[PDB]
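Undergrad: Chain by chain, the residues run as shown.
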Amino acid sequence: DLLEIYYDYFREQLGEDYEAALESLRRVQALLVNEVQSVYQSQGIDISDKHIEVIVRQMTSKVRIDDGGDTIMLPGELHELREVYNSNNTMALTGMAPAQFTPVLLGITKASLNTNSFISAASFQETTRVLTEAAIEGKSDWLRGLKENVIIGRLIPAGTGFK
Amino acid sequence: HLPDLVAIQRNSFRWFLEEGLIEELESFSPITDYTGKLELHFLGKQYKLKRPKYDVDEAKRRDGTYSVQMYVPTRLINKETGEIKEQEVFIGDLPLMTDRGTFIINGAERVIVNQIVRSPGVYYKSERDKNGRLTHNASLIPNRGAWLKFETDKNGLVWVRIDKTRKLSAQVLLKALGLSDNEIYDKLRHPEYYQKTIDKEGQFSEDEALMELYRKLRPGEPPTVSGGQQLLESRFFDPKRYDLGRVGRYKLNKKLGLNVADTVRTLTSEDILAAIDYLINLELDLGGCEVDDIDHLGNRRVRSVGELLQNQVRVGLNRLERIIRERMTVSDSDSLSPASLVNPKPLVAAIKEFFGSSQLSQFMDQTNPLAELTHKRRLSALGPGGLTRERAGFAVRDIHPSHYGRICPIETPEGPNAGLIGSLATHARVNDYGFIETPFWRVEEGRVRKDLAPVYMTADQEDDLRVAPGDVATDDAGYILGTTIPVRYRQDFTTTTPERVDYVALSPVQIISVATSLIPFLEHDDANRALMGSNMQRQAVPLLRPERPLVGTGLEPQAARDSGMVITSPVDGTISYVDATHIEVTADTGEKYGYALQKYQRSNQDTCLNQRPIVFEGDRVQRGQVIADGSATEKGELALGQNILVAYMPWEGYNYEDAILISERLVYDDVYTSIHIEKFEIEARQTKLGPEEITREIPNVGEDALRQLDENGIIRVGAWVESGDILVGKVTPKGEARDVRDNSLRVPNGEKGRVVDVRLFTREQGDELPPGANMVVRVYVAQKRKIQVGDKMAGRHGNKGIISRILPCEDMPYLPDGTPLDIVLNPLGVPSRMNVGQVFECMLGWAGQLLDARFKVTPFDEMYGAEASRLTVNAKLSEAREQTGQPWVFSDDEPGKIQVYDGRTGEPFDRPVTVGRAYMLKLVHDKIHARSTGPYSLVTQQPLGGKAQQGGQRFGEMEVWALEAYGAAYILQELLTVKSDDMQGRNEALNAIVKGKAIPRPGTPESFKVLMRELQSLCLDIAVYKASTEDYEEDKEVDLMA
Amino acid sequence: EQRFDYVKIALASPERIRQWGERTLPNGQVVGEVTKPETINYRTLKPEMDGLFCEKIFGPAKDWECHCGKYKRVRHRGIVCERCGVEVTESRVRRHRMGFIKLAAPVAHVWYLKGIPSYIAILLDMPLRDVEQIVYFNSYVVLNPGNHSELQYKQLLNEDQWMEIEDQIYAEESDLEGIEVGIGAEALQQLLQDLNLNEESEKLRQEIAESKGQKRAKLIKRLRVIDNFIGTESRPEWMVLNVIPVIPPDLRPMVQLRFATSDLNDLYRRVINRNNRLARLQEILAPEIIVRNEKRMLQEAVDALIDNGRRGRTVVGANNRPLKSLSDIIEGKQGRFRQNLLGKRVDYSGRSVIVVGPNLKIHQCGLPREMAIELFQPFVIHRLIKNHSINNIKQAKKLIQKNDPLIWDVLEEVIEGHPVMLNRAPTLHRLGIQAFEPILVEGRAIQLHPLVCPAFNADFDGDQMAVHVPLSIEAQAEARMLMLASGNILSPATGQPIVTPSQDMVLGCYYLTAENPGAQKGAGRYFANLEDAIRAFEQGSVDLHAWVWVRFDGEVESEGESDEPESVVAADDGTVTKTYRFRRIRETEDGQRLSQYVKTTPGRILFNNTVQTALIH
Amino acid sequence: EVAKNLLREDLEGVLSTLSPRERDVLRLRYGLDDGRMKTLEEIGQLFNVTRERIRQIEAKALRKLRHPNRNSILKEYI
Amino acid sequence: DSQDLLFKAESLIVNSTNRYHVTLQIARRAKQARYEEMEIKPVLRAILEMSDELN
Ligand SMILES: [Mg+2]
Ligand SMILES: [Zn+2]
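Going line by line, the protein sequences match chains F, C, D, G and E. Just so we're aligned: the first sequence equals residues 1075 to 1237 in PDB author numbering. Just so we're aligned: the second sequence equals residues 13 to 748, 766 to 954, 958 to 1074 in PDB author numbering. Just so we're aligned: the third sequence equals residues 5 to 261, 265 to 624 in PDB author numbering. Just so we're aligned: the fourth sequence equals residues 321 to 398 in PDB author numbering. Just so we're aligned: the fifth sequence equals residues 8 to 46, 54 to 69 in PDB author numbering.
For the record, the hints were derived by calculation from the structure and aren't laboratory data. Where hints are given, some of them may not hold.
Residues of chain C placed beyond 12 angstroms of chain F at every Cβ, according to the derived structure [unchecked claim]:
1. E35
2. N118
3. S138
4. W171
5. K266
6. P396
7. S519
8. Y589
9. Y607
10. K959
11. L976
12. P1034
13. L1043
No farther apart than 20 angstroms at their CA atoms in a straight line, the calculated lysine to any residue pairs in the SDA-like style are these [as the list claims (entries may be wrong)]:
14. D:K409 <-> C:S735
15. D:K409 <-> C:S588
16. C:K604 <-> C:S588
17. D:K404 <-> G:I393
18. D:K219 <-> F:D1141
19. D:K50 <-> C:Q698
20. C:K611 <-> C:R74
21. C:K1027 <-> D:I224
22. D:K225 <-> F:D1141
Not the full set, but computed from the structure, chain E residues with beta-carbon under 10 angstroms of chain D [as the list claims (entries may be wrong)]:
23. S9
24. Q10
25. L12
26. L13
27. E17
28. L19
29. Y27
30. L31
31. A37
32. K38
33. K55
34. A60
35. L68
Don't be surprised by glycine CBs; every beta carbon is placed ideally from N, CA and C.
Okay, chain F solo, but in the shape it has when bound:
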């Protein structure tokens, strides 16, 4: 609800959705990073802040299409902020009606189940649910992650197998 409060405040104080989402997400991200670091340092443990920043950016990088415009984005869908911004830009570039959205905070399990590869998600949790959803959507997996070149048995796209 802190995210919602920040979004509501910024969508007026500023007036543009994209910047309101950016500022709200920034403030919530800073809060989350600081809280995690404080909890860790209470016991006298030190980790760099980049390690927590990567996780927080994996948790605060999505948006709910509140009400779509001429976009192919139906309401209720979770999409990356960058993709939504680019689509809205090209849509009002041609002169269409853009879409509205609300930034969201996912979590460490809800964000891992929203990946674009069903093999990674099915191998994490709720295998039957993920597999049923993938079968219904007719999804295809292009094997662009470490857990999927690991499962099939290819060179992982990281490290000495980068290219």
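Go by the hints and put chains C, D, G and E with the ligands onto chain F.
TA: Then chains C, D, G and E with the ligands, alone, in the frame of chain F:
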């Protein structure tokens, strides 16, 4: 005042034999068929027992079972003709409990564990809503049957939830029981609270009450008054489907304040009404009502072999009665006799399953007498009727104040079983209801009355009294000294004047178990290191020549007499025959007693159970004097380790992080060497091609590898077998003379020793061979193991270590008299782990060596002085210094430290170090494993796991993550495919390595193909695709399975 | 360059399942349908002909050998027999071919019936309870309202209600025509075939435009599912199964120890038995209740096969334990993904207790001979073949087995320069796996460098480690260049050093460099340089903690010093000798330094000299 | 499987020592190529000369192999 | 010596700007080395050569 240590296991079988089987036979005795023409009566009070066949030793050596046969007299009565054909029927085979508290099942010693469960009765609880008030519920739990939950709503409503079904107001249940409004109104004390429910839910009459009860219990069927009545009768009133138990009746009467007889063991109207009244009073805060704690040891019970057996016998008897009724009604003619009517198969099967395949009957722990003793005094919270590992949480595994003197707060496992398995304390005992008691001395006007007999008391009893610990100090006669005395009042620790103390514990070690009672200077140790030492004392290995501790604790002679391996003379006379296998003592004026000693037998844990005599021929012997001793005892008392010279200082890195540096004397003086006997087995089966033959005509073998076979294909007793040596020679008739194939049994890699026994069992000899086998050969191989690099050494105070170096005695530091040390320990490990007691024992052991003495110090010895342990050790060291005459033994500037020199250079170390005599143990367990290529799994084609089958090490997903973080791609890909399940890439990689070429690129591992097939088998059209290169082409599905 | 690019998953049609299992024979006969619930013959231990382990469907039990024994040996490749029609090929095909089972009555795939989103329910816009009741033969459904007035499309009818409707429809005066009802999964199949996805999509979009709240959300979910079906070009009735696939027999092995059988065999036998009984009942015109109960049983059996215990009761085995169905294989910590795909048991691995090797270097580990001779066996064989007079692999293997002296020399010259990876059982971070160089040691325990213990969080009180050996050149290069222990200095989580000396090393350094006023023999003496002071200490002339003076020219950091010179003395020349607390500097008047004497302890001299010697060398 | 590839090579080597016709005869009489042992008559028809000629070649080849020279490694394979 | 190889390794890891790329180059080089030598261990000779070529 210590009574028999293994008595929780005897009393429960003596009880089973005396009145546990009788109650269950009589409870099912009158069997009647549906026509009511024939009746079988089981006169179960006269069950006789047939003497055991074979023997205890014969059962052990034959790999059989030690049991008896049960015969009960029966009488088949014809309801009309009246012909009664009295007879005695065979009921089953009952395994018998040996003199040590154990059973011998399939030639192996097993022990039935004791289960700590929740006691039957009624338990009240108050739950608080997020925003609502306190609402109270009650649970009525029987020994066996359905539960009866009562609940109070937020509006003042009373609900009942039979089984796990939906709730129903209490009025339905009370009217269905056959109670008018006036009686349930009179019995309740505050009737308006229930009148609210009556008004809100409507006064049900009996007929509609039963209708609604049937409707709610069994929906979808037309309600029927009789239907409901029968449902209730079968649910809570059927003597053969609901049993409160004796403890259940006792608890119900004690809690609810009823007076019902002890014989009635089913729910009655009075019970439910009372329970409801108590719930109402607890809601209204009457004053004499209180919610229950489920972890209290007064609401928890112990079940042992007697109860668990009774239940199994009951199940078997139900099955037997079903079979009897079926084979009684079908018969159209009364040509049946009681012998032909009963079938003992279900009862035999139930008992066999209980004693062989249950999770409450456990393979005995038999490493040493201490492990054996504490395995029979173990209390478990898991099993058929207790908890599960995923359901047990933080609350259940903690120490409840009510454990004081009944369950040890120290001795437990570490890991997933921490807090779920406990050990009975030293003086605790279990009464006939199943509650743990503990003894106390009475205190009158501040005087401890040790003249009167100890008053035992349970957890609930000792909640209103002020109980003092067993370490309070009293003066001459009995008066308690001091002005303030610690007491426990209502599960709390307080202090009182010593005129208001009600009871005092019998001993200072009344709170701990037997393994923890064997740690000297325990009050100078942390509790975690005390746990480690107590756990590790039960993993010590009996050594070649055992030796008593010098700083023992006083319970050693008692901890060894219960394992039943020490022989004491019951007779005050002379010894007439001494031998390695036989002792004979002639009573001063009387008969001769003869004892046979076990020699180099084998335990469940491959240790040796030797027995040796102590006395010599023509020796005067008194009653109760030790005559023979076990493998871990010296002369009466436990002996698990050895006393060695220890110094506390760091070596050149060999003491680093719990590593241990020892001398070479521990190897060539045969200190810490042990005998381990292993068993190998070979089976001659009958294949469809033909049978298998044990013979020396093994193919592809020369006569240089058949030297030690006994012209029958089996190795000879007394032969030294090295690795890969043939033990039993076997040939199989393979199908493809030059037709036999070799699958003879050989020693596993890394095993050697002498062959000490080769037992043979064939169906001709009258032995119970497996279903499809025709010869079972068992070979026992014994070996002597010395201490070596990689072995674990331990002390009694929790200090463990792994030996990392064995130095020649001219490199070890030495004393100012030339004596090299035996072990050097790092002092860095002492202060951070707070096991200071090890620094006391060493010093006292040093004094004991110098004074030719042995000290029996009891834990918590500071009730006599301000610092008793330190003062005793200093005085003893000074006395040793004065008696010996050597001033370097003890120094006044540094009491526990003396000068030590360097064996490599001869220069003394800068400062004196602490040296002493320490009692160290050698721990069990054969862990080194390696693999290149071996057997593979069936479905996934991945290497098997396990040392005994050349198994591989698992590369989990944490290791995959670690390799991904490194940037490793080729190590990961080679590990994942070529070395696990790339069924074609394994052979190519191996061939490339052998030939010296480069390893080719891998393919798709077999587990992926298995997964794709399984997903397709789940009606999923998952497939792998190759994208089209040009424009006007379709993507092509790739066939992996080719 | 890669065989396949993407993995696509879709809803399986019955045609696809038949294609997966139906394979034709040269005789023209098509095979692939499992018709009998028979696994193997009790006497010949040979698979039956139309059962769950048939050789005519799945493949020959023995590679290059016919079922009847007409054809044997490799010589007969691709020769389908005539007496029994088995293809003489490799037995490996028994783990790739599937075969199918044709059902007398359609069943519902429990995944699309009992799910968190119930796709059958969402598509049919019906509550899950109604769909389950129709499926399990507890209520009828109006497949066609026809001409009745009180009957609506997709309305649940109880048995009594249907009897009343029957009385109405069989009345001599009834104008009621065209009413149809159905029960079971066949009714669901008819309802799913009725759906016109395009019209449903248009109607739902129009309704969504004029909607809000939970009604909008539910219509959004329906539209999402419908649009997914439109895009996939899949017919929704494919969620109702008419045929089911049979897993290859090698994935449900029936091995002989007694015979150990997979639970899939029992589940499949239940399905086949119930299907055959249903076919018989439909052939003899059994009473309708019996046929309906058999159809319910078949649905339950297929449910237990797909996912045991998801919908109804759990099918226990011989002992009271659940049977492991198809869903239980691919899920959980013991499922396929987490037990065999994301983590595997690997070859060329060992495990042993670890002891401390204080004389090892940070890039070295002590490997016992017993482990090393087994981990590096192929390399030893290769070097015996090449660099010695060993002829064949068998001779080398027997030489290794007899523990020839040459074996240890070859192994010693093989493992040098060959990195080996050590891992501790809890791998919490990437430093839990580190590469070392093996050194053959005598014993059963692995000798570990004391400076890597904190990285592994390992102590020598019973801890064990696992050893892996890279095989390929790339693997060895990666182990040496990336994972070598001498290159892991800083913690990747904080950047701080992780190979710092600890415990006894810290205590020894502290004692060496401390100050001890009690023992100061030889204090105050001057020394030419650090080597002179060290030599003086070595003889015993000067005590370890004595306060001496050494002529050291360089940067000096002394705790407890003073930036203000304690005493400044100008001699009878332009030279001032400022005497600090721990220094004595002679400086030319308005000039530079001429000498520097540091007041220190020979232990500190030893420490700093050790550091300097390590850096310079 | 690695003592299989290795073996064939050793056999092939000793086969090389034999005359071309001889080795062909042996390979065909034992099915080293096709796994199928062929008779006399199939080689009687396939090869140039007829039956009772291949028997002589087989014996004259084996007698060459039976010598302690050109074939002694395989002795251990037994 | 082992120390020498460790110093040469560290020397090559720097001035490469990509530990992965330089590990790949060392692997390739050592592969070619052993291939054109079967006609010391490959990876070792590869590292020696690459260090001596960095001048
Ligand atoms: Mg450890
Ligand atoms: Zn055939």
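Undergrad: It remains to establish, for every hint, whether it holds in the given structure.
TA: To see whether the hints hold, each was checked on the structure:
1. Taking the minimum C-beta to C-beta distance to chain F, about 50 angstroms, the non-interface status of C:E35 holds against the 12 angstroms cut.
2. Every Cβ of chain F is farther than 12 angstroms from the Cβ of C:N118; the closest lies at roughly 41 angstroms, confirming the non-interface assignment.
3. No Cβ of chain F comes within 12 angstroms of the Cβ of C:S138; the nearest lies about 33 angstroms off, and the non-interface call holds.
4. For C:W171, the requirement that its beta carbon stay farther than 12 angstroms from each beta carbon of chain F is met, with the minimum near 35 angstroms.
5. Look at C:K266: its CB is around 48 angstroms from the nearest CB on chain F, clear of 12 angstroms, so calling it non-interface holds up.
6. No beta-carbon of chain F is positioned within 12 angstroms of the beta-carbon of C:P396; the least distance is around 31 angstroms.
7. Distance to chain F confirms C:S519 as a non-interface residue, since its nearest Cβ pair spans about 41 angstroms, more than 12 angstroms.
8. Remark: the non-interface label on C:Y589 is consistent with the geometry, its nearest Cβ contact in chain F lying 70 angstroms away (cut-off 12 angstroms).
9. Once the 12 angstroms rule is applied to beta carbons, C:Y607 is consistent with being away from chain F; the minimum gap is 62 angstroms.
10. With a least CB separation of 30 angstroms from chain F, C:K959 remains clear of the 12 angstroms interface cut-off, as annotated.
11. No Cβ of chain F comes within 12 angstroms of the Cβ of C:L976; the nearest lies about 20 angstroms off, and the non-interface call holds.
12. Not every beta carbon of chain F lies more than 12 angstroms from that of C:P1034, the smallest distance being close to 6 angstroms; the non-interface claim is violated.
13. For C:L1043, the requirement that its beta carbon stay farther than 12 angstroms from each beta carbon of chain F is not met, with the minimum near 8 angstroms.
14. Distance restraint check for D:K409 and C:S735: the Cα-Cα separation of roughly 10 angstroms lies within the 20 angstroms cut-off, and the hinted pair is therefore satisfied.
15. For the hint pairing D:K409 with C:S588, the CA-to-CA distance comes to about 53 angstroms; that exceeds 20 angstroms, so the pair is violated.
16. Of the supplied pair hints, the one linking C:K604 and C:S588 holds, its CA atoms being roughly 9 angstroms apart against a limit of 20 angstroms.
17. This hinted pair checks out: D:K404 and G:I393 have alpha carbons roughly 15 angstroms apart, not beyond 20 angstroms.
18. Note on D:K219 and F:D1141: the hinted pairing holds, with a Cα-Cα distance of about 15 angstroms set against a maximum of 20 angstroms.
19. As the CA atoms of D:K50 and C:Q698 are separated by approximately 17 angstroms, the hinted pair is consistent with the 20 angstroms bound.
20. Between C:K611 and C:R74 the CA atoms are separated by roughly 17 angstroms; this keeps the pair inside 20 angstroms, and the hint holds.
21. A distance of roughly 64 angstroms separates the Cα atoms of C:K1027 and D:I224; the hinted pair therefore is violated under the 20 angstroms criterion.
22. Between the alpha carbons of D:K225 and F:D1141 the distance comes to roughly 15 angstroms, so the proposed pair stays at or under 20 angstroms and holds.
23. About 7 angstroms separates the beta-carbon of E:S9 from the nearest beta-carbon of chain D, less than 10 angstroms, and the hint is met.
24. Taking 10 angstroms as the C-beta contact cut-off toward chain D, the hint placing E:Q10 at the interface holds, the least distance being around 8 angstroms.
25. Because the beta carbon of E:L12 sits about 8 angstroms from the nearest beta carbon in chain D, less than 10 angstroms, this interface hint is met.
26. Using the Cβ-Cβ criterion of 10 angstroms, the hint placing E:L13 at the interface with chain D is satisfied: the shortest such distance is roughly 6 angstroms.
27. Evaluation of the E:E17 hint against chain D yields a held restraint, the C-beta minimum of about 7 angstroms falling below 10 angstroms.
28. Of the supplied interface hints, the one on E:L19 holds, with its beta-carbon coming within about 8 angstroms of a beta-carbon of chain D, less than 10 angstroms.
29. For E:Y27, the suggested interface contact is upheld, since its CB lies about 8 angstroms from the closest CB of chain D, less than 10 angstroms.
30. For E:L31, the shortest C-beta to C-beta distance to chain D is roughly 8 angstroms, which falls under 10 angstroms, so the interface hint holds.
31. About 5 angstroms separates the beta-carbon of E:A37 from the nearest beta-carbon of chain D, less than 10 angstroms, and the hint is met.
32. The restraint placing E:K38 at the interface with chain D holds, with a minimum CB-CB distance near 5 angstroms, inside the 10 angstroms limit.
33. At a threshold of 10 angstroms, the smallest CB-CB gap from E:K55 to chain D is about 4 angstroms, leaving the interface hint in force.
34. Contact between E:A60 and chain D, as hinted, is supported at the beta carbon level, the nearest pair being about 8 angstroms apart and thus within 10 angstroms.
35. Evaluation of the E:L68 hint against chain D yields a violated restraint, the C-beta minimum of about 15 angstroms exceeding 10 angstroms.
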